[PDB]
Amino acid sequence: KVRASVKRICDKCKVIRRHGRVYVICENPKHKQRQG
Amino acid sequence: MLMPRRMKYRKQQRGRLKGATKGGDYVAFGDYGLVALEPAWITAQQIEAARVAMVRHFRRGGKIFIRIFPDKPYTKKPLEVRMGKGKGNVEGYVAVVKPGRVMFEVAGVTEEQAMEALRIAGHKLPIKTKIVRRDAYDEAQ
Amino acid sequence: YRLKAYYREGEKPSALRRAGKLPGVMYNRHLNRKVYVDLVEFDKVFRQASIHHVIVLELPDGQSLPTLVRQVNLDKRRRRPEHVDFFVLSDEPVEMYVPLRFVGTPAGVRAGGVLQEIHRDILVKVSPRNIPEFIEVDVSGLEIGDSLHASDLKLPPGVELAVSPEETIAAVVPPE
Amino acid sequence: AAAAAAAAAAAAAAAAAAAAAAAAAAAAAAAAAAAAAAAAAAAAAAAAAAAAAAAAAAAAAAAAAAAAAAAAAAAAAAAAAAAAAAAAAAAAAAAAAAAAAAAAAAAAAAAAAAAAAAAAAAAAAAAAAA
RNA sequence: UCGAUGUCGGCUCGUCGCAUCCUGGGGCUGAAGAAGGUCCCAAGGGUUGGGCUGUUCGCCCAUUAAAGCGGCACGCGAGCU
RNA sequence: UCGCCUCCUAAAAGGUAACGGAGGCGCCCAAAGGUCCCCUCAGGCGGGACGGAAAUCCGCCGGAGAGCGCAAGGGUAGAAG
RNA sequence: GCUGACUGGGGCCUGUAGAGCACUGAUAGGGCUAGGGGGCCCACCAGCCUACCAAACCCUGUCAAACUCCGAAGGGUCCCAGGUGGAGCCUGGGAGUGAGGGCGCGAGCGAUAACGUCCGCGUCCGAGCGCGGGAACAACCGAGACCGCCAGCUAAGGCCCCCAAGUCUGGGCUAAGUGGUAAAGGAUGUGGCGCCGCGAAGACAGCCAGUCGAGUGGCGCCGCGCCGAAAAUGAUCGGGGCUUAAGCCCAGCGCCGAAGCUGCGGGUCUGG
Numbered sequence: 002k003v004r005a006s007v008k009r010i011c012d013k014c015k016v017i018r019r020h021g022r023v024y025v026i027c028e029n030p031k032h033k034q035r036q037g
Numbered sequence: 001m002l003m004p005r006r007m008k009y010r011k012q013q014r015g016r017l018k019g020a021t022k023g024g025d026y027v028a029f030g031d032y033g034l035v036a037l038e039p040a041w042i043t044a045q046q047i048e049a050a051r052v053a054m055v056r057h058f059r060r061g062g063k064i065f066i067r068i069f070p071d072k073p074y075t076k077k078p079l080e081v082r083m084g085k086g087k088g089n090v091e092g093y094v095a096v097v098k099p100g101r102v103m104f105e106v107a108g109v110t111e112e113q114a115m116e117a118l119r120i121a122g123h124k125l126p127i128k129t130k131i132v133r134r135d136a137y138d139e140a141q
Numbered sequence: 003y004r005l006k007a008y009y010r011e012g013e014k015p016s017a018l019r020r021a022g023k024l025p026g027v028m029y030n031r032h033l034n035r036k037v038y039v040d041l042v043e044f045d046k047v048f049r050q051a052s053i054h055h056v057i058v059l060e061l062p063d064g065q066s067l068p069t070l071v072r073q074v075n076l077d078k079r080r081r082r083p084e085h086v087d088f089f090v091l092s093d094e095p096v097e098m099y100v101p102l103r104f105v106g107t108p109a110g111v112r113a114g115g116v117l118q119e120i121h122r123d124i125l126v127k128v129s130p131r132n133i134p135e136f137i138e139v140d141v142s143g144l145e146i147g148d149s150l151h152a153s154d155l156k157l158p159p160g161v162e163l164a165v166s167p168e169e170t171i172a173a174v175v176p177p178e
Numbered sequence: 004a005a006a007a008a009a010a011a012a013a014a015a016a017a018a019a020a021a022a023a024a025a026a027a028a029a030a031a032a033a034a035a036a037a038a039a040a041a042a043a044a045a046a047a048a049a050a051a052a053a054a055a056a057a058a059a060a061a062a063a064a065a066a067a068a069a070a071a072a073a074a075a076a077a078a079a080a081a082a083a084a085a086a087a088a089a090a091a092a093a094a095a096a097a098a099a100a101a102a103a104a105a106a107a108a109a110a111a112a113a114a115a116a117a118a119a120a121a122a123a124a125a126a127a128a129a130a131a132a133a
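Just so you know, the protein sequences line up as chains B9, BQ, BZ and BJ, in that order.
When the letters of the first sequence are read in order and numbered with the authors' numbering, they come out as residues 2 to 37.
When the letters of the second sequence are read in order and numbered with the authors' numbering, they come out as residues 1 to 141.
When the letters of the third sequence are read in order and numbered with the authors' numbering, they come out as residues 3 to 178.
When the letters of the fourth sequence are read in order and numbered with the authors' numbering, they come out as residues 4 to 133.
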């Protein structure tokens, strides 16, 4: 979730900048990360 | 842990870090290096930690070459004490490292495993690192 | 293996470097000249030729000198070549290194061990008109115990062993 | 585009000399497909049959390789098929139209058929091969 | 600062910070429900009465939605003790 | 801890501080002094009854790593031994 | 009475920076290998083996204030030149000081902490809290204030308003108010240079692979920005307010600007 190192965790996961912030979204929600 | 077997002198002065590496700057053994990008004292505990991670990664696998060696003693006064009363006690040992020193090296491994292993180690080190290959590092004739 | 060289007069090496050029010199018993080459083109070459194989330098007077490298000095930080030494050959026999062919793989595998190419190449006396491409080794029964050293080689014509010859060349050793 | 060298010698050297081909249409093959027509389909013509659409995609340029002038009618398609540059075939013409009638549902349609200097059209191969 | 800057804690009076103990949002959950865990946003308001020790703090009793942690010269003696 | 000597710190003249690093001195020799004349070390490899891994003997190899009362440094066999 | 600092040329003296491993030690990997441990295995004492401890020797790699085969820049000194300076040398009278401080560089101590502490070379404050810049501010930048001027030229630093002088010119970046002060580390944020994959053997991404008809991927250099970033009275880059800038990088022209320099008058002290 909220960490200073966001990386891709798997190949379904996906890195998305939205509104100033770097997120990540996978298919499975455990993989969801936001940078902070 | 990782220290000399003898020293001529038990404690020694801190000194400084002029640029460059002097030597130990090109590959020489294995097929992939981890190189220094900044000067620092690297402590035996760090060297060891990195080294172990390397192996742990390609578990019991290829070969490893530790190219820096902590000969320098690291003093430190007891806790809570004031100044004076001679130099402090020796706590550990460091290896003086300066940009372009090839600190590690690996052999008998895939580039994938290697790339990765090293990266990992670079994390355990308190300085910035780069990975290397085997270019014009062949000082011959 | 050819490289456009140029003639260096007295332009600060710094500025040449700055401008992607690689300062240098060429010499032999007879000639001595400041030269420069371009970096990326030299590297393209050297990446293969290195000190093992001849390079032909094309000066601005059309002439084409057959040379070997004798030295690549480099800046520790920003690990790049600062300066190249070129030895222009002629006919007198000259010393150099010649690459080896580590055939197959060694039999030391059960104990986790791994090969050590202690010598990828060997020093030899040769004439410029009889330069070999390579030398052929025979690695197969290199176990976790034994190794090989000396004149256990397939020395062709034009060659003279300019080593010990008693000296270790490739040894298989335990894992990390 | 390094790949065109081992190719631009064999759609006017292979696709130019033959004797007896025809057209089928293997299309929507679901889980029943792996690579077994480049691994057992030779049993139709000895050392001959295969599985490819090579020069069956820019076939406006393959209808200029064996000299055939005026090029706009068929040629492309999922042209699966199998004949050969040196192989025999004749007696399957009555068995032919059984794989589009009910053994499948429609998908054994044809387009061309080079009967050694005798190309057959659509119903001109469906009435001919009967 | 020694031709003086009263120097623990208690009381009284507050005010601020958020790294939030309740209360309001929310995402993950090894989230069935209920109840947790964990992180994210959020101080607006709240954050008890006793036994023991000068105590700070702490342990304990009975509660509680909760019984937060800090700064203000270890806030506050020309306000008291 | 307090005087004296050696080394480093001391930034290539000299000098250079700290409760910086690390050692010595408060003696000794009637020959360990003067001069003249001789002689050359430590090791290493052989080889030799008692004989260790150096007792004394022989032969090669050995520019100095021996030795110069004692700390260190400098010096030194073309001798200071 | 020209000998001074400083400078030029010549000649000595030197063991740091750097570098090096020849000595003194430390040290990685490999080979060879005295001993020793230990397996084979026996007392007839030999003998074979060891991905064990381990001298010397060999190959390849390193480290050092109290190591040096080597060694700068500089420094000290004598000679001979320049050098008339609030220089020097000599004899005597009068002192105050003997508590330093910061900054830069070089070391030690310290924790490669401190407006720390101890020396060394330099510099300023001290005594220049007089003047200009830096928002304010002994010692950072500029510059050594005898007095006067409603004159002029510059210094640092400045030219959108406060506030003197450019909303000056030409080319780029940046979209965070970054600028307007933080790290490991993260990211399909941007821009600019590089070099390879491999594309009518027309799948890079999308529905059965045919259609689809092209650009796709992977590294490497460089610039600017994003998150990483939580503390206590009311905030804020000095403030207003700045977005092809009033930010940042690169070019250039002009102006502003001190008690610096000139001009003009005056005073005083020295020498002529």
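Treat the hints as calculated values from the structure; they're not laboratory data.
Watch out, some of these pointers could steer you wrong.
What the hints assert, rightly or not - Take a look, some chain BZ residues computed to stay more than 10 Å from chain BQ by CB distance:
#  : residue
1  : 14
2  : 52
3  : 53
4  : 73
5  : 78
6  : 83
7  : 98
8  : 118
9  : 151
10 : 159
Unchecked claim - For the chain BQ half of the interface with chain BZ, some residues (derived, Cβ under 8 Å), not all of them:
#  : residue
11 : 25
12 : 100
13 : 141
Even for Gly, the Cβ is constructed at its ideal location relative to N, Cα and C.
Since residue 159 (chain BZ) was said not to touch the interface, does its Cβ keep a gap of more than 10 Å from each Cβ of chain BQ?
-> Residue 159 (chain BZ) is indeed farther than 10 Å from all Cβ atoms of chain BQ, at 21 Å.
Is the interface hint satisfied for residue 141 (chain BQ)? The criterion is a beta-carbon contact with chain BZ at less than 8 Å. holds, 6 Å
Would you assess whether residue 73 (chain BZ), listed as outside the interface, keeps its beta-carbon beyond 10 Å of every beta-carbon in chain BQ? violated, 8 Å
> How about residue 25 (chain BQ): closest beta carbon in chain BZ under 8 Å, or not?
Replying inline: At 5 Å from the nearest chain BZ Cβ, residue 25 (chain BQ) passes the 8 Å test, so the hint holds.
Chain BQ versus residue 83 (chain BZ) - minimum CB to CB distance exceeding 10 Å, so not interface = Residue 83 (chain BZ) is in fact no farther than 10 Å from some Cβ atom of chain BQ, at 6 Å.
Once the closest CB in chain BQ is found, is it more than 10 Å from residue 52 (chain BZ)?
For residue 52 (chain BZ), whose nearest Cβ neighbour in chain BQ is about 6 Å away, the distance does not exceed 10 Å, so it is violated.
### Message
Next item in the hint list is residue 100 (chain BQ). Is there a CB on chain BZ closer than 8 Å to its CB?
### Response
holds, 3 Å
With d taken as the least Cβ-Cβ distance between residue 14 (chain BZ) and chain BQ, does d exceed 10 Å? Holds: least Cβ distance 21 Å, greater than 10 Å.
key: Interface-negative label, residue 53 (chain BZ) against chain BQ, beta-carbon threshold 10 Å   = Residue 53 (chain BZ) not clear of chain BQ: closest Cβ-Cβ about 5 Å, inside 10 Å.
### Task
Against chain BQ, does residue 151 (chain BZ) hold up as non-interface, every C-beta pair farther apart than 10 Å?
holds, 18 Å
Would you say residue 118 (chain BZ) is clear of chain BQ, with no C-beta pair closer than or equal to 10 Å?
violated, 7 Å
- Query: Would residue 98 (chain BZ) pass as off the interface with chain BQ, using Cβ distances and a cut of 10 Å?
  - Reply: violated, 6 Å
In terms of the numbered hints stated before, the structure departs from hints 2, 3, 4, 5, 6, 7 and 8, listed from lowest to highest.
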